[PDB]
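Visitor: Listed below, chain by chain, are the residues.
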Amino acid sequence: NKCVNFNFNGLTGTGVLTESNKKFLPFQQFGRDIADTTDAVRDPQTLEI
Amino acid sequence: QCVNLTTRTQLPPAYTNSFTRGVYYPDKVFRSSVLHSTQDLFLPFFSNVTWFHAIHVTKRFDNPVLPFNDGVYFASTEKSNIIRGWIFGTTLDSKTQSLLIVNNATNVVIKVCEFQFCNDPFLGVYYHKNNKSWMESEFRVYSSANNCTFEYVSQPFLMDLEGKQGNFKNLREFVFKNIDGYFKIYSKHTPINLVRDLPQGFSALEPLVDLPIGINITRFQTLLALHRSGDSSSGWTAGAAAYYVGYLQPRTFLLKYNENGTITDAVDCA
Ligand SMILES: *[C@@H]1O[C@H](CO)[C@@H](O)[C@H](O)[C@H]1NC(C)=O
Numbered sequence: 536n537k538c539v540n541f542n543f544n545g546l547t548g549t550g551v552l553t554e555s556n557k558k559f560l561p562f563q564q565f566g567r568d569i570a571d572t573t574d575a576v577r578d579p580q581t582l583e584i
Numbered sequence: 014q015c016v017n018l019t020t021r022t023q024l025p026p027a028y029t030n031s032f033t034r035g036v037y038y039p040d041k042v043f044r045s046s047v048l049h050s051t052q053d054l055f056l057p058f059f060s061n062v063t064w065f066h067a068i069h070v076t077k078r079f080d081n082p083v084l085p086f087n088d089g090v091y092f093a094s095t096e097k098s099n100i101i102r103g104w105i106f107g108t109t110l111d112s113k114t115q116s117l118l119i120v121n122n123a124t125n126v127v128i129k130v131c132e133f134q135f136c137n138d139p140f141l142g143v144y145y146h147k148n149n150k151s152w153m154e155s156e157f158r159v160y161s162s163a164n165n166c167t168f169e170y171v172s173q174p175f176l177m178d179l180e181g182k183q184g185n186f187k188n189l190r191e192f193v194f195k196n197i198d199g200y201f202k203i204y205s206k207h208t209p210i211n212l213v214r215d216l217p218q219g220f221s222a223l224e225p226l227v228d229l230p231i232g233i234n235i236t237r238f239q240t241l242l243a244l245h246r247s252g253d254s255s256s257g258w259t260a261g262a263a264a265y266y267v268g269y270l271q272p273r274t275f276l277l278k279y280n281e282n283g284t285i286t287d288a289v290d291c292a
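Protein sequences appear in the order of chains A and B. For UniProt numbering, add 535 to where a residue sits in the first sequence, where the first one is 1. Reading the second sequence from the start, the letters are residues 14 to 70, 76 to 247, 252 to 292 in UniProt numbering.
If we strip away everything but chain A, and leave its shape as in the complex, we get:
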């Protein structure tokens, strides 16, 4: 809930992280919206999307 510069397993970006209702598959790390812009990320430590 804050503008944060984040780095998730080499994926670097800026933005606010919020709880998500999206359900990722076990083998999927991050999800891209249309146009291949990062939209969601699974934090590897606790596998929270």
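Note that these hints are calculated values from the structure, not bench results. A virtual CB, placed ideally from N, CA and C, is assigned to each residue, including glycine. The reader is advised that the hints may include incorrect statements.
Said to hold, decoys possible - With a cut-off of at most 25 Å between alpha-carbon atoms, the simulated DSS-like pairs for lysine-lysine come out as follows: (1) B:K202 / B:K41; (2) A:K558 / B:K206; (3) A:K557 / B:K206; (4) B:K97 / A:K558.
Claimed, not checked - Chain B stretches covered by chain A per the calculated footprint, using a threshold of three residues with CB under 8 Å from any CB of chain A: (5) 39-47; (6) 279-287.
For chain A, the structure is supplied; the task is to place chain B with the ligand on it using the hints.
Guide: Positioned in the frame of chain A, the structure of chain B with the ligand alone reads:
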């Protein structure tokens, strides 16, 4: 020690048609409700794949030495876990570094080692009439192995090994690729109710492992179990089993994802 089995009838080769098979996730990037174009090594739709059979009825024991051009799609319609693993290399005689992936009765072995692979690698299961029980008895693949770097052994389990009767039930689809010095294995697996064919339909393979081996693979062979309960080269049964081999080529495919991340339809542009 190895023995080259005899009592094996020679037939031509056979071939079959693969209907929209050999599709995996090209990348590890989750996409949901999207129509993605991707260029990569795929198995073309409505392709012809080499058919190898293992039937009791001859005994049709197929385990030839197949090339490995740029990747292989390997499907297996099995009932009693006859196919056990694979071997990949260049010369297979410990001159050059080979790879083997085996699934014996207890463990899953993955070695990248300098094996002196013999002409007829296989495994042998022994069946006891005194008390009906099947379990691995013989492991004839490889003679010697001196220099090697990469091993992996999985936590011991207990495996069926028993020979059922009926039609094939389990479809095992596997994709092997060797690129950037990475051996990439995609796998997936599906209950079937056919008798003799390799189903139609769609199913996207998901990646299973990425071995960082970086060897030079040009040929490979499958290795599958035989049943015993004759001589050293005659006393063995095959067991119902079939497996299909295809040969990946660089293609554009236009994949469809669901509202999920799972690939629910693809089309070959060429
Ligand atoms: C596709 O498979 C083989 C490839 O060697 C070829 O001989 C065959 O005629 C082609 N068509 C069919 C129907 O198998």
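Visitor: Against each hint, give a clear statement of whether it holds in the structure.
Guide: Tested hints:
| no. | hint | result |
| --- | --- | --- |
| 1 | B:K202 / B:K41 | holds, 13 Å |
| 2 | A:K558 / B:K206 | holds, 21 Å |
| 3 | A:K557 / B:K206 | holds, 24 Å |
| 4 | B:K97 / A:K558 | violated, 34 Å |
| 5 | 39-47 | holds (count 6) |
| 6 | 279-287 | holds (count 3) |
In this structure, the one hint that does not hold is number 4.
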